[PDB]
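This document starts with one chain, in the form deposited in one PDB entry, laid out as structure tokens.
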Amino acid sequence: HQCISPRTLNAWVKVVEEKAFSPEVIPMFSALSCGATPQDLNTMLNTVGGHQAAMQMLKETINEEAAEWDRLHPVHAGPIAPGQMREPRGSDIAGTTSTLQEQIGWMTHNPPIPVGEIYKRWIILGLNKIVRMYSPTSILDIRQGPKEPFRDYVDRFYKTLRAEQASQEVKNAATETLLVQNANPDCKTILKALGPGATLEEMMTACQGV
């Protein structure tokens, strides 16, 4: 195991400062946190000053997933064989009850116990709930202005849809339901003159220059 480089912490601290809890901070978290042990993950979360409300919401989500892991992967009493390793509990995956050496031993075992990937899934799950919840705009409030260029409105549309709560079933049908409807009347007449089944490229091109 090699350590978090100073440029990796530096970039994670700065991206939380700049982008706060916008959707694009989760993929950069997972990218910066790649191959990380639970101890490295806890270090990344501990370096975040401020936003302590979301960090507390992150702890509750992790505690929920850890309790589900303990119900689905119950521990068994008994001495550990010399060649093998004890199973990780919920707190073990979160780095609470486990050491760095045990986390490595789980991640390099045969078969390996990717405790880092499991913990990262819990953190990302808790981070996804914070992003959509910190969003103050619904997809229904995204309407094209009388002179708003069509690309700018479609840009706000899918930026809102990405951070939207709702569900994937709503996001899949949002374009066919709300995009053309909430466009301004001049662009709307052009889009209806294309017929359903038109791609986004065909819609944006038909309303270019308007």
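Superpose the two forms; the largest set of C-alphas matching within 1.5 Å is the rigid core. Positions refer to the first chain, counted from 1. First, how it differs from the form deposited in another entry.
- After superposition on the rigid core, the C-alpha displacement between the two forms reaches 2 Å or more for just one residue among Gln181, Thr47, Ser167, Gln56, namely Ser167.
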Contents of the next structure:
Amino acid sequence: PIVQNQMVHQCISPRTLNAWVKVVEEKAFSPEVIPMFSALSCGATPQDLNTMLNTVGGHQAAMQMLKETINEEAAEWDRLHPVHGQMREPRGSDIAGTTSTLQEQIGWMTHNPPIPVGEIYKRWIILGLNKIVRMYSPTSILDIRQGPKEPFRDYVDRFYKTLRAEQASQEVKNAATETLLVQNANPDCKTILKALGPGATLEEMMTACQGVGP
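Structure of the form deposited in another entry, please, following the form deposited in one PDB entry?
Coming up is the bare chain, nothing alongside it.
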């Protein structure tokens, strides 16, 4: 990555490489993997980002899909930045580290106006990973319903865990989806939640339904 001592290259750390590998091994493409990827890639060059993706041994269907998404984003980059000052010009393939050298990547990122090819590529990789997280979500939110004996907290944990994966975003918080949380609750709690009226907070809903299981 590029770090401050002045901005200098400082090699990917052995810990970071291992941390990313183990996060994929243990969590696969659970939604929280994505914020972890972005954090582990602080300051990464395009080269460094490719190293992290390539160090993944399994999940090669997902990784091939990721390449397709990256190529699509690169082509759109070229569409938005066509061949015509006129100092330098990163292309889509240069941003992905495919046709650029480490030397070119450091050059673009450290110029003043910086062209942050690492951040652009990281955006595309995350764009791809979001799609993978959505693809590998095992259950639809429509199929999440509170069990007869399930504590409301456990249902809400399940509800927002899938909502996070199917949305590939930690807070859908959509209006219609706050309607669904109430409608799919168990009979006793739903009556309690309906009586709460409009605008009840999640905090208020969980307090209201305490004791339903008991």
